[PDB]
Amino acid sequence: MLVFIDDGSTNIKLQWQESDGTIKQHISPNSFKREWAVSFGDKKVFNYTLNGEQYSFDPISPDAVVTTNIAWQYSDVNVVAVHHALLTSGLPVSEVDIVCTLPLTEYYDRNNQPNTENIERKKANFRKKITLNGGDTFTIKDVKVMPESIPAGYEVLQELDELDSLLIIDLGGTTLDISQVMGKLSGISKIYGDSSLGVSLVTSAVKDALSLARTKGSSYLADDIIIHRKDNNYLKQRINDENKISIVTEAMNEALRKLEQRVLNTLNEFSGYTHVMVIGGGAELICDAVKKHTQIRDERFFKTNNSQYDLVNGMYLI
Amino acid sequence: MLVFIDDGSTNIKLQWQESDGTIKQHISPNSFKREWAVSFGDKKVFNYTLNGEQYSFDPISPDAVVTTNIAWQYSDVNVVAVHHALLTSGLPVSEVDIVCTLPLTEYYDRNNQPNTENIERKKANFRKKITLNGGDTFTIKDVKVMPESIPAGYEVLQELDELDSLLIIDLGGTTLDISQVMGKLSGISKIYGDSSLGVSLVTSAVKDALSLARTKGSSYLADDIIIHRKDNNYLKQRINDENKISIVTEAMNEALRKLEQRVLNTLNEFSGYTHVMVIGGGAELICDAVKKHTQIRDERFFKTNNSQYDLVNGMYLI
Amino acid sequence: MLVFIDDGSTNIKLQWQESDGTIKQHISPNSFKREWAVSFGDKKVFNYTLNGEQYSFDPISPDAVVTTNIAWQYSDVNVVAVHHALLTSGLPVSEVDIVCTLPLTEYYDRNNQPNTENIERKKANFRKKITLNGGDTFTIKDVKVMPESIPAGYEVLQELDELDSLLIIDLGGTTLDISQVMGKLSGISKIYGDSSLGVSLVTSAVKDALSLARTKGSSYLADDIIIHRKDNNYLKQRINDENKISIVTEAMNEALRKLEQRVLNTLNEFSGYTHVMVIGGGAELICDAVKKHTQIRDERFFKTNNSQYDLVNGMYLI
Amino acid sequence: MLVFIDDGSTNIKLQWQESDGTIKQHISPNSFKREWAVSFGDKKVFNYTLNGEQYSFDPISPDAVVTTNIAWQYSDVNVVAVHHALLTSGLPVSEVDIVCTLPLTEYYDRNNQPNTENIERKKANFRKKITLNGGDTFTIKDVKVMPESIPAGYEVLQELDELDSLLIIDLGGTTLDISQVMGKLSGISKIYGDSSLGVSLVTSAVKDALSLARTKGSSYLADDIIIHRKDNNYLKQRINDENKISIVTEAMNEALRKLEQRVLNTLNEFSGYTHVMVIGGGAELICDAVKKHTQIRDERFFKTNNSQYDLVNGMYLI
Amino acid sequence: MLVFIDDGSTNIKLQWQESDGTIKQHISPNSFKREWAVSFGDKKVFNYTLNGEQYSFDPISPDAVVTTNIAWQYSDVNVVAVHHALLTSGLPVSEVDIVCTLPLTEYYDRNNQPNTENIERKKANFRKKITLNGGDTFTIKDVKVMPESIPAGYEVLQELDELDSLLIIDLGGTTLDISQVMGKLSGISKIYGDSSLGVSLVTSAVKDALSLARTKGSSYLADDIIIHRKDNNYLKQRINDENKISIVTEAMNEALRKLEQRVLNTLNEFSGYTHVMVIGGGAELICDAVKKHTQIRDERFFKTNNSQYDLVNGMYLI
Ligand SMILES: Nc1ncnc2c1ncn2[C@@H]1O[C@H](COP(=O)(O)OP(=O)(O)NP(=O)(O)O)[C@@H](O)[C@H]1O
Ligand SMILES: Nc1ncnc2c1ncn2[C@@H]1O[C@H](COP(=O)(O)OP(=O)(O)NP(=O)(O)O)[C@@H](O)[C@H]1O
Ligand SMILES: Nc1ncnc2c1ncn2[C@@H]1O[C@H](COP(=O)(O)OP(=O)(O)NP(=O)(O)O)[C@@H](O)[C@H]1O
Ligand SMILES: Nc1ncnc2c1ncn2[C@@H]1O[C@H](COP(=O)(O)OP(=O)(O)NP(=O)(O)O)[C@@H](O)[C@H]1O
Ligand SMILES: Nc1ncnc2c1ncn2[C@@H]1O[C@H](COP(=O)(O)OP(=O)(O)NP(=O)(O)O)[C@@H](O)[C@H]1O
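Chains as they are written, first to last, in the deposited numbering: chain A, 1 to 318; chain C, 1 to 318; chain E, 1 to 318; chain D, 1 to 318; chain B, 1 to 318.
A few of these clues could be false.
Each pair may be met inside one copy or between any two copies, as identical chains are not told apart.
[Claimed, not checked] Under the rule of at most 27 angstroms between Cα atoms (straight-line distance), these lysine-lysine pairs were calculated in the BS3-like manner:
{"hint": "1", "residue 1": "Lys144", "residue 2": "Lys123"}
{"hint": "2", "residue 1": "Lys184", "residue 2": "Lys291"}
{"hint": "3", "residue 1": "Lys236", "residue 2": "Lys123"}
Simulated from the structure, these hints should not be mistaken for laboratory data.
Could you build all of it, start to finish, from the sequences and the hints given here?
Here it is as structure tokens:
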């Protein structure tokens, strides 16, 4: 099979069609500790070994390595993460072939051409050899790359025309990727990638707030707080023992407001967009401010019900 | 081949006869950005390099260089534009020979003789060396020039007589060129060229109106508005998000009315014309006001169905 | 060669015998604009330079200089006109010698002798130096003058007798020249020259009528109207766009009738004429009124088929 | 007030008597660009709006509209020009009444009577509505016309007699107006107007010479060169950067010599003048050649110290 | 005090006269990171808080925000920058009143009048409330604006005359501002502002070159390279560890040559300038090419010894 992995910093997204026309979407959060897991026998398992150090999954605790740093797309951790995600697919273990991502800024340069060097460093990373203990790993044979902007506009761009342009706003954990594509993928006017502007901004405050609230925890738990920002009762079941939900919520809310400003300022680098779309899990978080700031009328704004998956789906339906 | 390029400021017009008696008319809008295009592979392409800077096509966005300035007929951009136009001809890439234009005022002087200096500066411009990346460019060998007035009257002038005169009104993007030719090209009484009076007058207001309407765009898009001035529904599909079609249409209409006055005033420099013709894409825009102002009876007024092409056709059928 | 130029105000008439006994008659209308002609290469040409100003031919348009003023026989324009006429002869360019005209009043004075002063001013005018651009002009060496009356009667006067007299009426564009010659050129009784009575009278009304009819034009075009006064259809092909042929024809007809009166009044200054002849292009216009007013019987009235040329032929066949 | 405006093509001349017996002469050069002026606040101002287009003053640069064309006496520009001139008078803004000019040829026709049609078209032009921005314009109520020949001879004609005639030569920018008036305004023998023979002849060569000398400029600057033709040092302060003062001066001198010829030829249409006067700013330029050509003795030749103003003064002191 | 801040994109320039007739010039580079500075106590300090986010100075490292984007004249950063600059003046902290800049294109519009809207948005920006921690900030009371072209010509324009024109070329980091002012500030013929043509062109290539040379750095460091382009030894002390000075210098030199072309092309929009001046820090970089291209003689070309300060000085000495 050719199988699609959108390897994001925080979540691996898979698209893959079992020959029965069965196209499947499978997501896997990345949260890895640099040591093995301790067993009590009932499929408690998934300890991986690669180039000295070893790893195993941990969703909940600190010293799961933080992956918001830029160079995640050449990390050894990345290889671990992707293997682990595909090992929980429900696929027949085998050799297979894949397509993966690069961030917008990685492919390109001063004269807006493919950065073959960085593209190939990427391909080479998935050659690294890795062992899971009691069990065989899938083998990853052929690798190719796509950028992280275009394909999420795919369907919408089709029924657009030839003289108009769709602004695709991709906000991920690490990177804000913006592209303007004129009227189908007939043309791509302008791209922009800002690897310092991600959802990380608030997560990496709220981590510190949770530590103040005596809940020193994983990045994943912190994101779980951000996802359920609206229910104070839910947050009671996660913030360890306090009336100081109050310290955390306000610190979270302040830093949330301060994300918007810098993201919107970045948008005013582009103009002449006829249609505007917002994809990525972070779309949920900024959607209304964007829609309102760009004065687009309802029919020209498309924001989907599974924003998190738009990109890998697009990669597939090319 | 000898191939005919009417190189207008805004549109390159080509006439060229494949030896099978096949004479072809091909037009190409000029809209170029001073940087390369960004690829996704499916003949996405056409990045040109000449004397330091580089260029690529963009129909839609600002910072495509505005070519309404006078000196376009010695611009490096011009060379780019003409090469690009011929690269989309469907011709066998090769060495070839061409004829091109000069504006009426460029050929001539105080004692109404050829301005060999300006004629030769023109020829020399098409010697400039240029590279397109993955592909070979046609080579332009022998160059000659014709003026931008005479040849569009050619057929009509033939079946005129010898004692009467045809007024050819050429309105282009930059230049209003008027000539009076007595009874076939047996004689040419009077010429006149006004390089400050072009269609640009309205385009360069409506550009600013579109920016007010939050549609900061290419000259080409603005011309597309002017071409479809009559359908408010069409203009809904181009004016980005507004009841303020209203601001744009009136500003456009006012500036349109104010073109006519200055063009008609210019005509009252000539007299004794028996026959009147109007050529160029701009003919469409002023035709009725001229016809009515000059009190010519129907049989003496000739305005064609492809006004935009009259000149290059004339160049050819000499 | 000695070549004959009847230099009339409006038309240069040439007579010249190629040594093969080949006597040729060639006429050239004078209509000159004080600036050079504009080329498209196909023998488009004939720009002359003399004593500062320059000239070129224009048959059709105003600001061709009007030559009905008296002093035409010392004008610099005259030199231009005569050179131009001989340059279209089909002669081998060279040095040559010529005879030319003077009006009746110019040769003579109070005691009816040659006016050597005016005769010599005339000769000196054809010494003026003149350049045509790409080409050599004929050189005019020896010059002599004849008066504008006698020689047109030449053949008829021969077979007349010795006791009877022939009235020669020369009506030109500027001048009415009348002479009575008794019985061959054995004697010349009486001359009379009226330089204010020419065909100009009607031409210079009809010019203004044509301007009323929005056909502001050359003197030549106006004469072309006068020549084809009889065909309303012809005049439709020249009068620019009107039911107001009506304004022009009546104004022309009125002024035509008013010529006759003053010319006939002038004739009643002479008496005792046995034979009457009318020469010049204007003869056509007044012939019947004269014939009828002078009650001459048919056999004594001679009006030729090429009245325009009678004088230069006479100059030659002396 | 009844206020006198000699509206010449190039300069508006005003005469006007503040009720304190204060008669004032005020002149204003016409040089107008078809767009508004850009402010820095210190009475930087004078932007006028009339019938679509707008205007403001510019003395120095090209695309100030050239007003040497004939139809200036029905131009909308004319109205602008006259308003502007009167706005710099130092008059109390108000309703007022005026007398203005027409060229000699405009008043008259084939039967030498007032051309009421053209006289009234003139009157109607000054009804046009015009706005200056921050400020009120004078209102022009009652309008009458005078011809451009007679009144400049006024005083001199008074102390002439009744049997002799004064030739008034008016040379303006566009028009050569000549009149012969017998012995006071007791009679006017003959008029003549040549609207193609003005000072423009040299100005419109020297403009092109200045462009050759890389000094592409206003008509006004060119006239400023003509006015200071005698000081090479002055012309150093205006001709932008060159030893090629040499190219300009000779081209100017040649075209100057070639004016004289055609103007003198025009004079030989008149005769029997006892007294000769030369008025207009152009008088300065041709005075000596005329005086010498007409062999008038000193006491019969009157050429004034403010030739430019003779006409408007005459209009007033009728 | 009224104190003069020329707020340029890259450098704040101050002029201010301590009542002792003491006029002072003080410049401050803008380079700000969106987080606070870390102390070791010895006046290590200058952390500012405004509308959520905070800022502090950093000259040396990336993620100091790049201010070459257009909208810098309404940025919150701008307010920070200006406060910071004035906090290092050596002034008594207080309420004070200021004048500041706008770019040429910001003041004006289609009908060349003040753009009150943009002028007032500017004034309002300096109302924003800001806190520096341990210390009081100056309070900015009254604000007015001047354009970025005129005042740098001030002294020179005074001793010019009234019929000639001075071309002031302002090249800044973001904007090329050109103005032609006729003979003192008696008149201003033509302005032009190109906000896409700044020194940024080369800086924003050389930034990327430095990253190739493993010296990923601040804009300021990159400018420091450009300033000391001539000493290879100096550049050894800044380019981190390489024989590949070679990669950087050539990339810098190429992009430098390609600035000139586009700036000179822009100049050929103006003509008739008698005097030419070049101001701004960028003047140093293009001076010779301009001087040579415009063929001005030495005495008409003025380029000062503190080009960077010409504008704020002019603002003051109005
Ligand atoms: N439904 C959601 N509600 C709230 N927060 C969410 C939601 N989905 C995702 N997030 C958060 O947003 C973060 C970044 O968005 P996401 O699109 O998942 O990044 P990614 O694709 O994994 N990485 P990348 O695009 O490479 O930066 C996630 O890690 C979560 O913390
Ligand atoms: N069919 C049309 N309807 C309306 N506007 C048109 C049409 N065709 C052209 N135009 C407009 O008229 C402008 C100038 O006419 P055009 O003849 O196309 O110029 P050109 O020959 O390419 N250039 P030039 O003659 O050098 O100024 C175009 O750029 C369009 O904006
Ligand atoms: N065949 C003709 N029919 C009608 N009108 C004619 C004809 N030939 C000439 N004319 C008119 O008569 C005018 C004067 O007669 P023409 O004899 O041609 O003058 P000329 O000899 O050239 N000049 P001149 O004798 O010096 O006044 C011409 O200019 C024509 O307008
Ligand atoms: N004192 C002068 N010395 C030299 N040239 C002058 C002088 N005064 C005027 N001129 C030139 O002569 C031109 C025409 O003369 P002028 O009398 O000023 O015209 P006008 O009366 O304003 N116009 P008009 O009579 O309608 O053609 C001016 O535009 C100047 O170029
Ligand atoms: N002396 C110098 N030598 C070389 N480069 C310089 C010099 N001074 C300034 N520059 C460069 O030129 C750039 C822009 O010129 P500068 O006049 O400083 O801009 P500004 O006035 O601060 N901003 P703006 O006019 O709004 O674009 C600076 O940021 C430097 O990179």
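Going through the hints against the structure:
1. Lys144 with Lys123: Answer is within: at 7 angstroms inside a copy they meet the 27 angstroms cutoff, but 49 angstroms across does not.
2. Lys184 with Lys291: within (21 angstroms within a copy, 44 angstroms between copies)
3. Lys236 with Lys123: For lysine 236 and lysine 123, the Cα distance exceeds 27 angstroms both inside one copy (44 angstroms) and across copies (36 angstroms).
Violated hint for the displayed structure: number 3, the only one.
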